[PDB]
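Shown next as structure tokens: one chain only, the form solved without the ligand.
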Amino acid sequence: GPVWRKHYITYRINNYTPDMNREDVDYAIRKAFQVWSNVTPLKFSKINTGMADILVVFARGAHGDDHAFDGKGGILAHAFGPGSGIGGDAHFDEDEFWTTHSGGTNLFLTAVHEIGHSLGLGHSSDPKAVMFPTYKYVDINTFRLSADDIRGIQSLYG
């Protein structure tokens, strides 16, 4: 599928979930990007104005793309593959309760997965992979991509 054809990728946090401290949203997203820049040539930078490649949005229900959220549970987030406009963008369902920890839905872990999509990955069938469809909390402080994820992203970049 589509991939970014440049190494410097920008993201912008469109709006912040009230579920978390602002700085914790910033950090979770930053760290999630780092997971992927760790294993590719990509460089991610947060911008605070203008058009980013990857717009990070918190929204609930119907939110202006064709892909409505479903309230608490079920779909946690979704993201568009590389492309102009909505391409790359990552949307997080505000009806989830986002956290820094194992309570609610961990934003960092979810963002790692979604950013995978923003970079052009699809889902893995391996339950060990962050790109497995199903959210499962794993210790975020010890988090590592599965070999499956690394193989996936290194099939696209590098």
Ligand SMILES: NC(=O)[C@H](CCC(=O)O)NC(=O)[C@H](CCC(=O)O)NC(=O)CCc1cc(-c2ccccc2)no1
The other form holds:
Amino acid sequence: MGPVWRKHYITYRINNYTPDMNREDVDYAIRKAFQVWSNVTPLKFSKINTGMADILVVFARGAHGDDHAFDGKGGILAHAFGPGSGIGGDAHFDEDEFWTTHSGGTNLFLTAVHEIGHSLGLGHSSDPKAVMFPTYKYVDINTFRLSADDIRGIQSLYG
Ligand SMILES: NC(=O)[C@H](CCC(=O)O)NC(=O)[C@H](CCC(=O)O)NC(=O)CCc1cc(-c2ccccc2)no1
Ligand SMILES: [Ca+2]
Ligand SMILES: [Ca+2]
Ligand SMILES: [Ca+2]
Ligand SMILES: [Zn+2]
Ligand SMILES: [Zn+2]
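Can you now output the form deposited with the ligand bound? The one shown was the form solved without the ligand.
Full complex below, order starting with the chain above.
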């Protein structure tokens, strides 16, 4: 078992907003992505604008201060650190992608579900239908469901 948060109340903060989308839509995408994981665990997530957030949500490009640079449009879409202090748990999204609420560009909600998976301690799945499968695939957002494998994984960690 890899690192896990040692508490069930977890805060997040949106450090900055991509100009690709309206602010309200970014807030909504992120809130709904956390909700996907809270629905199958004892974890609760609260958004704060001030103070010490556990999970910082960041949009940045290229080399952005951690040792994992982004690569321009395409390729790496985002990445996240496992549970831990400071940069631990933080999720970074490549601003060189075009973030959307839909099937065009890269869907922020689906990507955030995957990255939050990592922020909570999950690794990759070999189930092509798992949200934790390594490669991005748009799926109908209104019918989205975690796979049984994603649920097994997160339930093995919490709690
Ligand atoms: N390789 C691809 O098909 C796309 C390319 C997207 C593009 O070119 O615009 N890139 C990616 O998929 C990059 C690949 C990183 C790597 O090179 O290993 N993946 C990543 O950056 C991982 C981030 C992520 C995965 C998902 C997801 C997974 C399952 C279901 C739904 C969503 N959502 O975000
Ligand atoms: Ca953190
Ligand atoms: Ca990229
Ligand atoms: Ca962008
Ligand atoms: Zn980063
Ligand atoms: Zn991943």
